[PDB]
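Chain by chain, the residues:
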Amino acid sequence: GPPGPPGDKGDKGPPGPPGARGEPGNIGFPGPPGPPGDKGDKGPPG
Amino acid sequence: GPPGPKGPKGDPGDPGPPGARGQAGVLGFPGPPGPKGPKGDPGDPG
Amino acid sequence: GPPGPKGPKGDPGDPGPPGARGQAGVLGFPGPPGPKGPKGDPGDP
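Heads up: the sequence lines are chains B, A and C, in that order. Following the authors' numbering, the residues of the first sequence are numbered contiguously, the last one being 46. Following the authors' numbering, the residues of the second sequence are numbered contiguously, the last one being 46. Following the authors' numbering, the residues of the third sequence are numbered contiguously, the last one being 45.
Next comes chain B alone, as it looks inside the complex:
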């Protein structure tokens, strides 16, 4: 006789894996300048 009907479609595959973690962020900008130095010492007395 003729061949029978075609079989059913297979099961859907499972999901793929997560992507890689993103790259680290860029380095931050440089810090601010420090505070000014203290006032100089008073001159010695004459």
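Note that these hints are calculated values from the structure, not bench results. Backbone N, C-alpha and C define an ideal beta-carbon position, used for all residues, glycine too. A couple of the hints might just be wrong.
Pair ranges (Cβ atoms, derived) [as the list claims (entries may be wrong)]:
1) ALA24(C) - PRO8(A): 52 to 60 Å
2) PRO8(A) - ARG21(C): 39 to 47 Å
3) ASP8(B) - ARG21(C): 37 to 45 Å
4) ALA20(C) - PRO3(A): 18 to 26 Å
5) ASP44(C) - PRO32(B): 31 to 39 Å
6) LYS12(B) - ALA20(C): 19 to 27 Å
7) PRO14(B) - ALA20(C): 34 to 42 Å
8) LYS12(B) - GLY1(A): 33 to 41 Å
9) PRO3(C) - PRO14(B): 55 to 63 Å
As a list, the in silico DMTMM-like pairs of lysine to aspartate or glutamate whose alpha-carbon atoms are at most 25 Å apart [claimed, not checked]:
10) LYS6(A) - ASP11(C)
11) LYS36(C) - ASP44(A)
12) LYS9(B) - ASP14(A)
13) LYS39(A) - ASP44(C)
14) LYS9(A) - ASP11(C)
15) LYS6(C) - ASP11(A)
16) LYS12(B) - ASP14(A)
17) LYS9(B) - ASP11(A)
Start from chain B and add chains A and C according to the hints.
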């Protein structure tokens, strides 16, 4: 003649592709402040 | 008759989830020293 029996089921599908790589991390924050500046020069002698 | 043909292969799976965002970047390099301080007062007479 009668048709034959139904064919076999298809094979399971393949796993999916990996997800996209993650986004880049946040930029770092600004660096530490610099040191205190040099002390002033002393005053003149009296 | 003979058995029918095999069914079609299943569909591929979904793509995986997007990755997690990266780590924060390192903090910047230090700033420069501050300016020099002002000159001290003159000595007393």
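ask   = Going straight from one Cα to the other, do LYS36(C) and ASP44(A) come out at no more than 25 Å?
value = holds (17 Å)
query = Does the structure keep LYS9(B) and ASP14(A) at a Cα separation of 25 Å or less?
reply = Cα-Cα ~13 Å, so holds.
ask   = Taking 31 to 39 Å as the hint, is the beta-carbon distance of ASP44(C) and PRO32(B) inside that range?
value = With a Cβ separation near 38 Å, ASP44(C) and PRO32(B) satisfy 31 to 39 Å, so the hint holds.
Range hint 37 to 45 Å (beta carbons of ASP8(B) and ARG21(C)) holds or violated = For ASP8(B) and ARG21(C) the Cβ distance comes to about 42 Å; the hint holds.
ask   = Given the proposed pairing of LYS12(B) with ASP14(A), does the C-alpha separation stay at or below 25 Å?
value = holds (8 Å)
Hinted pair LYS9(B) and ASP11(A), Cα distance within 25 Å = With a Cα-Cα distance of about 8 Å, the restraint between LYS9(B) and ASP11(A) holds, given a limit of 25 Å.
Consistency of beta-carbon spacing, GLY1(A) to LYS12(B), with hint 33 to 41 Å = holds (36 Å)
query = Between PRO14(B) and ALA20(C), does the beta-carbon spacing fit 34 to 42 Å?
reply = Violated, since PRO14(B) and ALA20(C) (Cβ atoms, about 21 Å apart) do not stay within the stated range.
ask   = Can the suggested window of 52 to 60 Å be confirmed for the beta-carbon pair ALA24(C) and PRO8(A)?
value = holds (54 Å)
inquiry  = Would the hint linking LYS39(A) and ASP44(C) be met if the CA-CA limit is 25 Å?
reply    = Holds, at roughly 21 Å.
task = Using the beta carbons of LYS12(B) and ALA20(C), state whether their distance is inside 19 to 27 Å or not.
result = The hinted range 19 to 27 Å holds for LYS12(B) and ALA20(C), with Cβ atoms some 26 Å apart.
query = Would you say the C-beta atoms of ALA20(C) and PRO3(A) sit inside 18 to 26 Å of each other?
reply = violated (54 Å)
Checked against the numbered hints above, the structure violates hints 4, 7, 9; every other hint is satisfied.
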